[PDB]
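Here is what each chain is made of, one letter per residue.
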Amino acid sequence: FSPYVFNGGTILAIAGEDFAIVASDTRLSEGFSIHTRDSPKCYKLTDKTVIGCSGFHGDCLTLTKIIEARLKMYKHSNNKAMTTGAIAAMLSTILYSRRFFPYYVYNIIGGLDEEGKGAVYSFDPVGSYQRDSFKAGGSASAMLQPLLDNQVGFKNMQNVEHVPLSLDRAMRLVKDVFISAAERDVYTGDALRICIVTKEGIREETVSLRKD
Amino acid sequence: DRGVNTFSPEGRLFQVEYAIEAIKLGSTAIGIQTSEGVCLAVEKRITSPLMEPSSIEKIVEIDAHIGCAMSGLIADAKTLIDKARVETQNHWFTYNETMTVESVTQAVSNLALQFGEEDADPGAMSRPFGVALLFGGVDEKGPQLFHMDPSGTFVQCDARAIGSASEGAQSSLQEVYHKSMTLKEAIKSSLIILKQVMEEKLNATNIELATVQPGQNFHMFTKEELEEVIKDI
Amino acid sequence: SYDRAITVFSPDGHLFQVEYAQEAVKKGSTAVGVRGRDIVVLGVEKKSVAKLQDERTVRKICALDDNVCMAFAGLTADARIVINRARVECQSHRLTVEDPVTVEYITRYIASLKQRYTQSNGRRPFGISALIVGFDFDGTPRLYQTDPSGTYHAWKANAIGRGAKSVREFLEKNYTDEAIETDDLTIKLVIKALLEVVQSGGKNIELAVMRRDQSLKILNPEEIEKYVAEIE
Amino acid sequence: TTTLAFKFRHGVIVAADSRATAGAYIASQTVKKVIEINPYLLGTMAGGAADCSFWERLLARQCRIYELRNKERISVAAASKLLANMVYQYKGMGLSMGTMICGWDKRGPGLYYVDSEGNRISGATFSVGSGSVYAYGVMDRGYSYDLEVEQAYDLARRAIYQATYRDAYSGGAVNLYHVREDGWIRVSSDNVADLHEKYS
Amino acid sequence: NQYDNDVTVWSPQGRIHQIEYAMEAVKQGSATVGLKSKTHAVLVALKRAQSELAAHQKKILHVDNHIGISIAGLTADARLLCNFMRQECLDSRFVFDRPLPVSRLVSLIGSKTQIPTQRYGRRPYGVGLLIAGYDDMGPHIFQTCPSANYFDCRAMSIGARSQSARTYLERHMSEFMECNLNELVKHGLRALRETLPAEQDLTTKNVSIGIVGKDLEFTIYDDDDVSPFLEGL
Amino acid sequence: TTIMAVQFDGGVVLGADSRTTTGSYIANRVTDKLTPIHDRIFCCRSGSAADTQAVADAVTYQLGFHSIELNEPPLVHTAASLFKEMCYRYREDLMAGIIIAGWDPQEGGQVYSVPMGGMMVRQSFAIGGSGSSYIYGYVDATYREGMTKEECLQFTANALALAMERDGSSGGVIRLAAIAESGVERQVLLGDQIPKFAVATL
Amino acid sequence: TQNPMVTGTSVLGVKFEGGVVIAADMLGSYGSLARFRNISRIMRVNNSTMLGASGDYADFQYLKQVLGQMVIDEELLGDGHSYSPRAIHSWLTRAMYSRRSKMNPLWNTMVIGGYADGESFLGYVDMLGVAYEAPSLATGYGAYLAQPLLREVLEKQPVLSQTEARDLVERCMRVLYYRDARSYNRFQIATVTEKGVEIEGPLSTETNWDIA
Amino acid sequence: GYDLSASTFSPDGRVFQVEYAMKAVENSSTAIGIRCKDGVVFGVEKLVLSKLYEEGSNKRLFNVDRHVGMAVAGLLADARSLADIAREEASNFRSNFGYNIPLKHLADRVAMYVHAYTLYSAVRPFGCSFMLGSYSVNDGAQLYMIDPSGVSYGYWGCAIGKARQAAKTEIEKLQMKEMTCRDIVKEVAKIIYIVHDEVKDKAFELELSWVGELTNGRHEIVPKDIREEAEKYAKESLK
Amino acid sequence: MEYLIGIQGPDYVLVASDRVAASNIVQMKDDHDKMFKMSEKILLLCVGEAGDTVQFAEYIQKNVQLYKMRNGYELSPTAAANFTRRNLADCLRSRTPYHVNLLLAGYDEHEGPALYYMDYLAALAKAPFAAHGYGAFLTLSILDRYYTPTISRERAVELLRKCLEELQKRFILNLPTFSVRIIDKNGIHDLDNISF
Ligand SMILES: CC(C)C[C@@H](C=O)NC(=O)[C@H](CC(C)C)NC(=O)[C@H](CC(C)C)NC(=O)OCc1ccccc1
Ligand SMILES: CC(C)C[C@@H](C=O)NC(=O)[C@H](CC(C)C)NC(=O)[C@H](CC(C)C)NC(=O)OCc1ccccc1
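Residue numbers (our numbering), protein chains in the order written: chain A, 1 to 212; chain B, 1 to 233; chain C, 1 to 232; chain D, 1 to 200; chain E, 1 to 233; chain F, 1 to 202; chain G, 1 to 212; chain H, 1 to 239; chain I, 1 to 196.
Pulled out of the complex, with its shape left as it was, chain A reads as follows:
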């Protein structure tokens, strides 16, 4: 008996001066089979915070319900909603609590900070988190990260104007990077759930990718 199974999934979060995009593929799988083609890996935690979880679907289901309860418990004792930074810290403690039987999940929390600016935090399967400007996680992370580093971080590029990222430019990047991942990753390519967090709430858009 093996307690874990790779269910596939690619997650991406990009932060902006006034926005945070959390995006995911919508295809759960097992071996060479597809469980469903409509399993978004993005989960709204608050009105300013969305988490994206990929890996063992069993653990992602448990962890997401554990966070929803931990958020309600905070609001009941502290009489306030947890900030994006508070959930990032609590998730590190939740993930480490299971260091000897870890959660096979890769999580990216994307939301707006207490100053109203985008904030992305990436987590390892055991708890180590980081405030990043953009992070890709999941099956096609190494296929999406090397390009955000160039197009968003302007890395390895000389004599180029470092313009700020608009939601328009950021959303085309998210769609384009996932379209390329659908081409070379067998675990990604049903549709793309894109959750954009702004002071006006969390809007969710779904594009389509390549069914195999």
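Hints were generated in silico from the structure; no laboratory data involved.
Check each hint, because a few of them may be wrong.
[To be verified] The calculated PhoX-like cross-link candidates involving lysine-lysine, where the alpha carbons are at most 25 angstroms apart (straight line), are:
(1) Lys149/F - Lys196/F
(2) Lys24/B - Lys201/B
(3) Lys224/H - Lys195/G
(4) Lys47/E - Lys75/A
(5) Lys211/A - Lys155/A
(6) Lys112/E - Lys72/A
(7) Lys201/B - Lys156/C
(8) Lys62/I - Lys217/C
(9) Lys38/E - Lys75/A
[Claimed, not checked] Label-pair distances were calculated between CB atoms; the ranges are:
(10) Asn156/A - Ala168/D: 13 to 21 angstroms
(11) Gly56/H - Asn79/A: 53 to 61 angstroms
(12) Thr76/C - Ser10/H: 46 to 54 angstroms
[Claimed, not checked] Facing chain B, a subset of chain C residues (Cβ under 8 angstroms, in silico):
(13) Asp3
(14) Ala5
(15) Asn121
(16) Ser149
(17) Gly150
(18) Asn158
(19) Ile231
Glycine residues also receive a C-beta, built at the ideal position from the N, C-alpha and C atoms.
Put chains B, C, D, E, F, G, H and I with the ligands on the given structure of chain A with help from the hints.
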């Protein structure tokens, strides 16, 4: 005859009502909340010249933004102040944020009434805590002052006096408190009311004053700074 | 497990079991401690010499650690339990922090234990008060007192046990920078303080001194007699 | 990872890289491998990222409770023993943490190395990580207790740079901290790319 | 005499005086009103200030999006029950991913509050609660008692001078079902007022309002948010 | 081991080989695998001897207390359920294949197969053991609804004989039992009594 | 169970306009041997929910008793509330994950089909706590032989009638009999609708063609 | 002082704590139960203290199993506690033996838990008496009543509460053995109305439940229509 | 590995320990001390797994120090050796065993000098001279060839030097400095470190 958890015909719990009388025998402690911060003042009540006045600690720090004034059985408070300090550090480790003063007051007030002799626990408390606490701090809501009693009840107080002369300082407090009052005016008002209730002559060694201000951390006034305010008093 | 509440509040807010414990301390022998500049002195009244009793076995002054030592008034059996808990604590501290416990650290622990026995089911408060005296690493002479209630305060000089009020009144009027300048003057202050309560004089007075960076020294009966005569 | 620390006449110098790696994938080039327990005490992290960050943060929590209860800041030795005792409870279970506790106490500058294996050793110069071997050579050949502040800064930056050039799992920027009697100061965060141009 | 100090001693007339005593504690608390329409369940609480310089106390609490509670009696025991209720609701949404039926939660509280009334050394709970929740069975108002008995109420008032409120509610209960939220909230405010010391009025400082409905998660309106409801009486 | 049970209109017929084996050694050549859990409820045990003897002893104890408390003869389903409860609960620490067949006043003659793993299923006829595999096609080809106690006793004897001749772990004597409201009639077939089948010559 | 014993094969599911239909063979196999050939691996949890199970049959017999009591416990309260098809699916995911985390798994892949509030529910739960909802479900070898066919039809025509759903289930059952060596030609079809759950008796794919 | 604990017999052989506990049941409204040939009908006089109480509040007729129903008298909190015990005993019996628990076994097991609260000072005797009733094709209709002492007996018609004696006279004038549930429901309503004292007890809601061949061995609340016909017959009979 | 040596003389006990702490292929310390002062006349030289040596050695030290405080007198070298052996032997079949090889050395004013060898299995043996470590294989024969029961403390340091010079020539591990201490009626005395 009656165990610790027996209700009176008036439904009040005798052990909780005798612990309140225990506070009425404590050194008067005054707390005032202003926009510019919260001031906590207490009467040291020294017994002999051979005692070291510094050893009498009635105002303690739970965290950089939270201080506490105690009155009643001081030894009972030690365990309550320890819970407040650990709960604040646990909140930091888990959420990387300062705990609100209401959340610290709620965490300590929960330990009260958790007593009994019916095998409630291996290390269960036997009786209520005979102490009243005045928590003063600055959260995201601003300068805040809460009062907790041996009944497990906590309240937000703009100005509160606990101890032996509470039934007199509170009257004086309700006659000199204005929402617009400054921290300096509050600090002077605390010492004036304390000097009146205090049996000994208020000096820079027979009183303890501390203040939590929006930017500055919990600060226990030293003899030099206390002497300055006591000069005007 | 017997889990009845021995220590409970009374109408008027009085824990009588704690007050009864202090009555036992008042029935105890008088213990006096004066904190000097380079010497901390602790002296106890040897009630009855007994004549046929080894004194090494009835000593009321003990050393919790190399830097700390304590005297007690009240029940000798309860004290032995508290002294052993504090001795074990000092060693556990050296193991988890790699430094000698501070005088107030051990005073805080002894008080916290004496307090939990006043709010724990199935236990009676300890009928003993202690005078923890030592020297902090900085070299500051330290004198603290613990009560059966778990309350502890630092003092320049104090007295516990029978005739504590009389002895403390004396120390209140005889303590000064003058009667503390000389180590011998500090020792004779404790001697005179006890002689106010001790009737025999010299024969019935144990005394101990812990100078800085030095172990506890138990003054021999002859040395005590020397000061008793000089103090006459 | 490359973390080095040395005690000199003007305090204790702590430097480290910024790279985190999952397999051969460079996950991060901006990880902070120096934790500030207090304004006078800082701990560096090598080995398991989650392991070190969790235990070093639990150390900071315990150290602050000490200040509140003892009304004094903890020593570098008492803090080193606390982490050593905390990890020995999990010896032979998988924790991989190489750490250096550095601060200024009443006994002067302090530098202790603690491993999850159980090693707790005080010292003047330590280097922990996979590039520790590369850093020791440059640090050892250029070290001197009587090193001037600027020279000590340059020695630390150069030793981490040479460790990042020979070590695949070492890279990013060099984060320099200087512990003095009035607390620690973050001196600089120089990218190994810019350092490569200057040192060449 | 010897039948009124333990909860495990029946009186010669088949009565546990200790439960009767604990039930007196609730009658010694600020009046709290609760009524339900066809779509909304409103909880009106008369907050009481310990002093002119003290916040009232907070008598209305959140248990879950569909449930809220008004308190009367010992606040510490109320917090202990509120936590049991909050966890039972969290457990239901974690296992069945569904809001816990309000009726089922009341059954659990009565089971937890009955155990302490039949065991030696244990005291009855000294808190009376008015629970307001919405479910697939519509709006629900329940009243829990220290005796462990609970009642499904169309409207209820627990606390001091609460009979004055129950008189108003019994007279106007017929029109509550078909009532708008503001008409319903004002009916409750009128009844809470009938429990006020003659020369006293319902200011925004002494009143709190909790509401839950088909499209409204339990909300506690306090301070200025009560001004909309108070304006119109 | 070959255990077999069949139901007829009025009761049930049970059968078993008599061979216990440690490797290829026959520790017991006359074992009784047909154990009585109650007056009209018997069990046919297969698998581990210690495991099957312990569970049958436990169920007889529990079933006995239940019958004296509920003043009524026990139901065959209750015995099967108690066997299922233990065999499922200790499925990882117990090798025990059991057939619980008996007569009850309410549901008549009932044959229940509680196989390895803890599963329980009512069956018209049940077979179990290492020799069960060699007689699956026979029982499927020779079983007919409406058989009698005499026909059912012959079916069990003929089937067990074929399995005992092909399974090395099966053999010895054929122990038969017929349970009905009247009582429990037990019979041992030995030597020429055991049904025989002619071998080939080529 | 660390070692499955008597097991069942594939269970099919498809949501139609007005409810859902589940299909399973009436066979329990002991490692290649068709040992028990008249067992139902389908269950009526309540009037709105049905459950089909693959894997260890004793583990399914344990779930039938625990879920059966859970429903009797609720229907004794007379509160007017009942477990919905989705609530039963949430409980089963929590149960399978709880057991997998204790390393004592219930070797069973269940298909939960339900109808409530004019909405059809079809949920999948594996032994590791992986669960999802989908228009069609096929456990075991039906994941490779039946789901492909069901997914093709449910792609062109997203909404199927009861007549269409049953036809496609009976067609997928025939292909499972031709290519699954642990299958059997006797099967039960359960249908949940506004009238409740109805289970059809021993049906046969006897409509098999053998042009060899 | 011989009457302060259930661990103490009086100098006469009596445990007065259990007698005091049953005084509480005699201070409650009456709950009558009548067994016929078709099954069992339970009826309770639920006095409504406050008009601000929804209909069905403080119900005294419970479903302890699919086939078993429980009528209660005395403290409702204690009664609700024993309904949980009865519900759990029935559940564990079905999980261990795999069938619906016989009412005699359910009665015996619940009566033993009640008797366990009459022997120690650490606990007080339950202040409630209840009637358990069921109907199966094999066992038929069964009515059992349990008292605060823990004594269980089967009856053809039982009455617990403040008017048990008067109710028993009325129940004893009935030929339940020959009557059917449909006819008994009206008689239960007639007796509850005749035993009710409006002058003292203000108003009450007649609560009616039954289990029988008509309910197919399932405890249920008498259909509103049948309950209303019964109440009309009851009031008309009182005339 | 690490090196421990003890030579018992007529009125003294000479002990030496290596001063190097190594991570893997790098010495992280060349001033390490592997000797612990249990009493004023008892020393415990401990080598072994990282974390196990100080956890066991500091434990034995605080318990021997508690004895002096609780009884006013100190444990004898033999009582201390036996207390250590019981604790090492009572954690052997436990889930938390200590991998530690030790050398207790002390001077009782009555029984005189004593050196006790203990292995990780907790076997206690009193020895005139003993060593722990892979270097013991190259030095125990030098001690056997030259040790005489009446050796002087001066000739004892010379033999200690012969053994450490052998380690410099034949041993494959760079053990450059050695901590050298002696115990007698006047207590524990630190001697100059024999460095190479
Ligand atoms: C403190 C560490 C960053 C030091 C460094 C090596 O010593 N740790 C690492 O490089 C670790 C383990 C590695 C040795 C294989 N590499 C890692 O990738 C680990 C966790 C994976 C192994 C699942 N940490 C990680 O991915 O995220 C760490 C992190 C922390 C903060 C911000 C950004 C990134
Ligand atoms: C259940 C009983 C009717 C036994 C029956 C099995 O069906 N007949 C059998 O032959 C079974 C075979 C089994 C391993 C499949 N025999 C057994 O189970 C034997 C019986 C012992 C008394 C020697 N048990 C066994 O092999 O281990 C027990 C043991 C212990 C020590 C020495 C030798 C044997």
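Problem set entry | Violated constraints from the hint list, given by number and in increasing order | Going through the list in order, the structure violates hints 5, 9, 11 and 19 and respects the others.
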